[PDB]
Amino acid sequence: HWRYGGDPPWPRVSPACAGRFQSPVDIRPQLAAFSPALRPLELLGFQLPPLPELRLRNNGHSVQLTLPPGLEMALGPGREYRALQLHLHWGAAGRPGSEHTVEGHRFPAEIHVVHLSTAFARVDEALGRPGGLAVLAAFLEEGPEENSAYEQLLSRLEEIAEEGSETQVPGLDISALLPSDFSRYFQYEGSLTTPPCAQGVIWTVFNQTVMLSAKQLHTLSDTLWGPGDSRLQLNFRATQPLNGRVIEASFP
Amino acid sequence: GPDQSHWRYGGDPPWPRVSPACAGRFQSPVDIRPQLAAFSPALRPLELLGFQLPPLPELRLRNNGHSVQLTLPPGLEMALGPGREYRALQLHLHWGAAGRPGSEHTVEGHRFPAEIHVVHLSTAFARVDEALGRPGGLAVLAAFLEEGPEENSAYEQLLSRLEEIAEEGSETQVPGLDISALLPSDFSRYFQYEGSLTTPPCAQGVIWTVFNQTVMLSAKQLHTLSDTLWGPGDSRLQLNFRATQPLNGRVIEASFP
Ligand SMILES: *[C@@H]1O[C@H](CO)[C@@H](O[C@@H]2O[C@H](CO)[C@@H](O[C@@H]3O[C@H](CO[C@H]4O[C@H](CO)[C@@H](O)[C@H](O)[C@@H]4O)[C@@H](O)[C@H](O[C@H]4O[C@H](CO)[C@@H](O)[C@H](O)[C@@H]4O)[C@@H]3O)[C@H](O)[C@H]2NC(C)=O)[C@H](O)[C@H]1NC(C)=O
Ligand SMILES: *[C@@H]1O[C@H](CO)[C@@H](O[C@@H]2O[C@H](CO)[C@@H](O[C@@H]3O[C@H](CO[C@H]4O[C@H](CO)[C@@H](O)[C@H](O)[C@@H]4O)[C@@H](O)[C@H](O[C@H]4O[C@H](CO)[C@@H](O)[C@H](O)[C@@H]4O)[C@@H]3O)[C@H](O)[C@H]2NC(C)=O)[C@H](O)[C@H]1NC(C)=O
Ligand SMILES: CC(=O)Nc1nnc(S(N)(=O)=O)s1
Ligand SMILES: CC(=O)Nc1nnc(S(N)(=O)=O)s1
Ligand SMILES: [Zn+2]
Ligand SMILES: [Zn+2]
Numbered sequence: 001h002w003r004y005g006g007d008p009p010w011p012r013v014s015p016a017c018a019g020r021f022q023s024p025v026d027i028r029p030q031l032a033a034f035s036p037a038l039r040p041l042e043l044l045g046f047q048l049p050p051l052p053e054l055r056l057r058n059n060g061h062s063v064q065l066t067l068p069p070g071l072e073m074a075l076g077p078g079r080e081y082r083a084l085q086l087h088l089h090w091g092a093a094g095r096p097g098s099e100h101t102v103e104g105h106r107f108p109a110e111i112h113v114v115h116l117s118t119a120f121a122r123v124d125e126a127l128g129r130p131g132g133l134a135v136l137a138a139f140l141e142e143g144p145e146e147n148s149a150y151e152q153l154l155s156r157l158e159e160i161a162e163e164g165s166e167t168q169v170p171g172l173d174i175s176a177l178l179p180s181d182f183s184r185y186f187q188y189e190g191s192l193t194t195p196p197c198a199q200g201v202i203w204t205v206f207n208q209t210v211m212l213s214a215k216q217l218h219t220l221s222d223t224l225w226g227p228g229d230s231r232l233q234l235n236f237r238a239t240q241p242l243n244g245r246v247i248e249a250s251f252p
Numbered sequence: 001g002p003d004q005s006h007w008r009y010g011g012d013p014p015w016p017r018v019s020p021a022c023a024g025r026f027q028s029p030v031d032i033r034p035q036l037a038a039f040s041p042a043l044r045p046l047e048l049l050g051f052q053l054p055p056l057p058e059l060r061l062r063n064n065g066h067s068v069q070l071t072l073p074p075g076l077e078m079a080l081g082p083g084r085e086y087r088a089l090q091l092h093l094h095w096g097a098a099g100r101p102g103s104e105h106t107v108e109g110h111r112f113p114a115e116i117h118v119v120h121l122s123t124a125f126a127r128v129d130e131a132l133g134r135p136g137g138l139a140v141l142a143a144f145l146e147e148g149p150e151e152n153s154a155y156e157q158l159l160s161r162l163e164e165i166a167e168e169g170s171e172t173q174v175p176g177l178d179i180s181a182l183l184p185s186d187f188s189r190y191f192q193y194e195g196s197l198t199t200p201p202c203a204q205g206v207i208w209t210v211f212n213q214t215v216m217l218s219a220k221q222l223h224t225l226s227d228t229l230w231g232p233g234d235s236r237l238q239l240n241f242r243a244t245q246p247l248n249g250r251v252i253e254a255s256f257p
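Residue numbers (this note's numbering), protein chains in the order written: chain E, 1 to 252; chain B, 1 to 257.
These are computed hints drawn from the structure, not numbers from a lab. For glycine and all other residues, C-beta sits at the position ideal for the given N, C-alpha and C. Don't take every hint at face value.
To be verified - Incomplete in silico selection of chain B near chain E, CB under 10 Å:
| hint | residue |
| --- | --- |
| 1 | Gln35 |
| 2 | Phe39 |
| 3 | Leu48 |
| 4 | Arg84 |
Take these sequences, add in the hints, and give me the full structure.
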C-alpha cells in the first residue's frame with residue numbers, strides 16, 4: 001500500500017502519478033490569469049443538523065470525514081457537484097504541511113473537500129475524466145484565537161489515534177470550516193495528490209485562509225498514528241511543475 | 001416513446017419530447033456579444049494535428065436529412081489546452097436559403113451565411129455515448145462561412161459532391177482532403193463557452209469554441225450548399241439551424257483582448 005516518504009514508488013502503484021499535469025503546485029499570484037468568468041462559488045446544504053452523525057476515520061494517510069448526500073456545490077452556471085468527503089494535510093513540529101504553496105510559501109496545513117460532478121453516478125466513473133472531480137482547498141494558518149469549527153474535528157482525533165480506527169461525530173456546519181470570501185480563489189486543472197493521481201481534477205484554492213490556534217495545529221499534526229507505529233505527519237505531496245498550465249484568479 | 005430517434009427542424013415532434021435535455025437551461029447556440037466576452041489569457045492557441053489527410057483511404061460523406069456529414073478517421077488530434085486532448089469524429093454544416101443566412105451562432109445579433117462544425121471526443125472517453133452529458137466530454141470547433149469573391153478550393157471538394165447525395169439517406173465515398181484547410185487562418189483568436197449539442201439529444205457539457213476569423217465561399221458556392229440537398233419528407237434541406245438560446249448567466253470567454 002502506498003505511503004508518504006517511501007516505497008512503493010507511486011508510478012508503480014498508478015501510472016497516472018507520473019503524468020505531466022499533477023497537483024499540488026506552487027501558486028504565483030502575479031502569474032495567475034485574471035479570469036472575469038470565474039463567479040463566486042455556491043455551496044448549499046452544508047449546514048448539517050446535529051443528527052445523523054458522520055463517520056470520522058484515520059485511514060493512515062489522513063483523517064477523513066464522510067459527508068452525506070445533499071451538499072450541493074457549483075463552480076459556475078450549470079456546473080454542479082456534490083461533496084463526498086473532506087480530509088486534511090499537515091506537517092510536524094516546526095514544519096508546515098500544506099500541499100499547495102503560494103510564492104514558495106508552505107502553510108501549516110490544508111483542508112480538502114472532494115466533490116463529484118452530478119454527471120457521474122460514482123467516483124470510479126469520474127476518475128481521469130475532465131472535471132469529473134472537483135476539490136476545494138483552503139490553507140490553515142496559525143492564529144491567536146482558537147477555531148470553533150475545527151474544534152469539532154480536532155477534539156475527536158484522540159478517539160481515532162490508532163491507524164484504521166473510526167468514530168461517529170455529531171453533525172456540524174461544514175461551510176464554517178471554509179474561508180470568508182467565496183469569490184476570491186485560484187483555479188487550475190490537475191490531479192489527485194495521492195495515488196491513483198488521476199488527472200482531470202478541477203482544483204479551486206481559496207485566496208483567504210482560516211486560522212487555528214498554535215495548540216490546535218499541534219493537535220492536528222501530533223495525535224494520529226500512521227503506518228509503521230509512527231505519528232502520521234508530513235502527509236503532503238511535493239509541489240508539481242505547472243508544465244505550461246496557467247493558473248486562473250477570480251480576482252484582479 | 002416510439003421512434004425516439006426521429007426529429008426535424010421546423011416542426012413536430014417537440015424537441016423536449018425527443019430528449020428532455022433540449023429544454024435545459026444552458027443550451028447552444030448563443031448570440032456572442034464581443035463587448036461582454038471575458039478576456040481570458042489562459043486560453044492558448046488551438047492545436048490540430050493529423051488533419052492533413054492523404055488521397056486514400058476515402059471518407060464517407062452523407063446526407064442524413066439534417067445536414068451533410070463527413071465521417072473523419074482516427075488520428076485527428078486536437079487540444080484545447082495542455083493535457084486537454086480530443087480526437088475529431090465528424091464535421092457537418094448549418095446553412096440558410098436564398099437571401100437568408102443560416103449559421104447557428106450569431107455575433108452581436110448578426111447571422112452569417114453558414115457555419116461549419118467539427119465534433120470532437122475527449123480522449124478520456126472511449127465512446128460518444130459515455131461522453132454525452134459529461135463536462136467537456138465533447139468539444140465542437142465552429143467557424144462562420146461568409147460570402148466572398150473567390151471560390152474556396154477546400155469547400156469545393158464537399159460542395160461538388162452534394163448532387164450525388166441529394167436525397168436524404170444517400171451517401172458517397174469522397175477522396176481524402178486536408179480537413180484543416182476548411183478552417184480559419186488564426187487558431188489563437190476565438191470565443192469559448194460551455195453549452196449543449198444544437199440538435200437532439202441536446203446533451204449539455206459541450207465545450208464550444210467559435211473562431212473569431214471566418215472563411216469565405218463564393219456566392220455560387222453558398223447557393224450550391226443551400227439549394228442542392230433534400231431533407232425530411234419532401235422539403236429542401238435549408239435553414240437547418242436552431243434559434244439562439246439565452247446565455248442565462250454563462251459568460252463567454254475570449255482568447256484575445
Ligand atoms: C491572495 O492573493 C493576493 C493578491 O494577488 C496575494 O498577495 C500578493 O502576493 C504576491 C506574492 O507573494 C506579492 O508580491 C510580492 O510583492 C513585493 C512588492 O513589495 C514591495 O517591493 C516593490 C519593489 O521591489 C515595490 O514596488 C512595492 O510597492 C512594495 O513596496 C515584491 O518584493 C515580491 O517580489 C520579490 O520576492 C520574490 C520571491 O519572494 C522574487 O521572485 C522577486 O524577484 C522579488 O525579489 C513579490 O512580487 C504581492 O505584493 C501581494 N499582493 C497584495 C495586494 O497583497 C496573496 O499572497 C494570496 N494569498 C493566498 C493565501 O492565496
Ligand atoms: C471578432 O472579434 C472582434 C473584436 O471584438 C469583433 O469586432 C467587434 O465587434 C463589435 C460588435 O459587432 C463592435 O462593437 C460595436 O462598436 C461600435 C463602435 O463604433 C463607433 O461608435 C462609437 C459610438 O458609441 C464610437 O465611440 C466608436 O469610436 C466608433 O466610431 C458601437 O457603435 C456598437 O454598439 C452599438 O451598436 C450595437 C448594434 O450593432 C448595439 O447592440 C449597441 O447597444 C450599440 O447601440 C458596438 O459596440 C466592435 O467595434 C468590433 N471591434 C473591432 C476591433 O472591430 C468581431 O465582430 C468578431 N467577429 C467574429 C466573426 O467573431
Ligand atoms: C476518491 C477520492 O476522494 N480520492 C482522493 N485521493 N486523493 C485526493 S486529494 N488529496 O487530491 O484530495 S481525493
Ligand atoms: C453525436 C454527435 O456528434 N451529435 C451531434 N448532434 N449535434 C451536434 S452539433 N450540431 O451541436 O454539432 S453533434
Ligand atoms: Zn487531499
Ligand atoms: Zn452542428
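Item to check | Hint validity - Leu48 (chain B) Cβ closer than 10 Å to any chain E Cβ | outcome: Violated, about 18 Å.
Checklist entry - Hint check: is the beta carbon of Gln35 (chain B) less than 10 Å from a beta carbon of chain E? => result Result: violated, 13 Å to nearest chain E Cβ.
Next on the checklist: Given a cut of 10 Å on the nearest C-beta pair, is the interface hint for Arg84 (chain B) held or broken against chain E?
Outcome noted: Given a least distance of 7 Å, the restraint on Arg84 (chain B) holds.
Item to check | Hint check: 10 Å Cβ-Cβ cutoff, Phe39 (chain B) to chain E | outcome: Nearest chain E Cβ about 8 Å off; hint holds.
Consistency with the previously given hints fails for numbers 1 and 3, ordered from lowest to highest.
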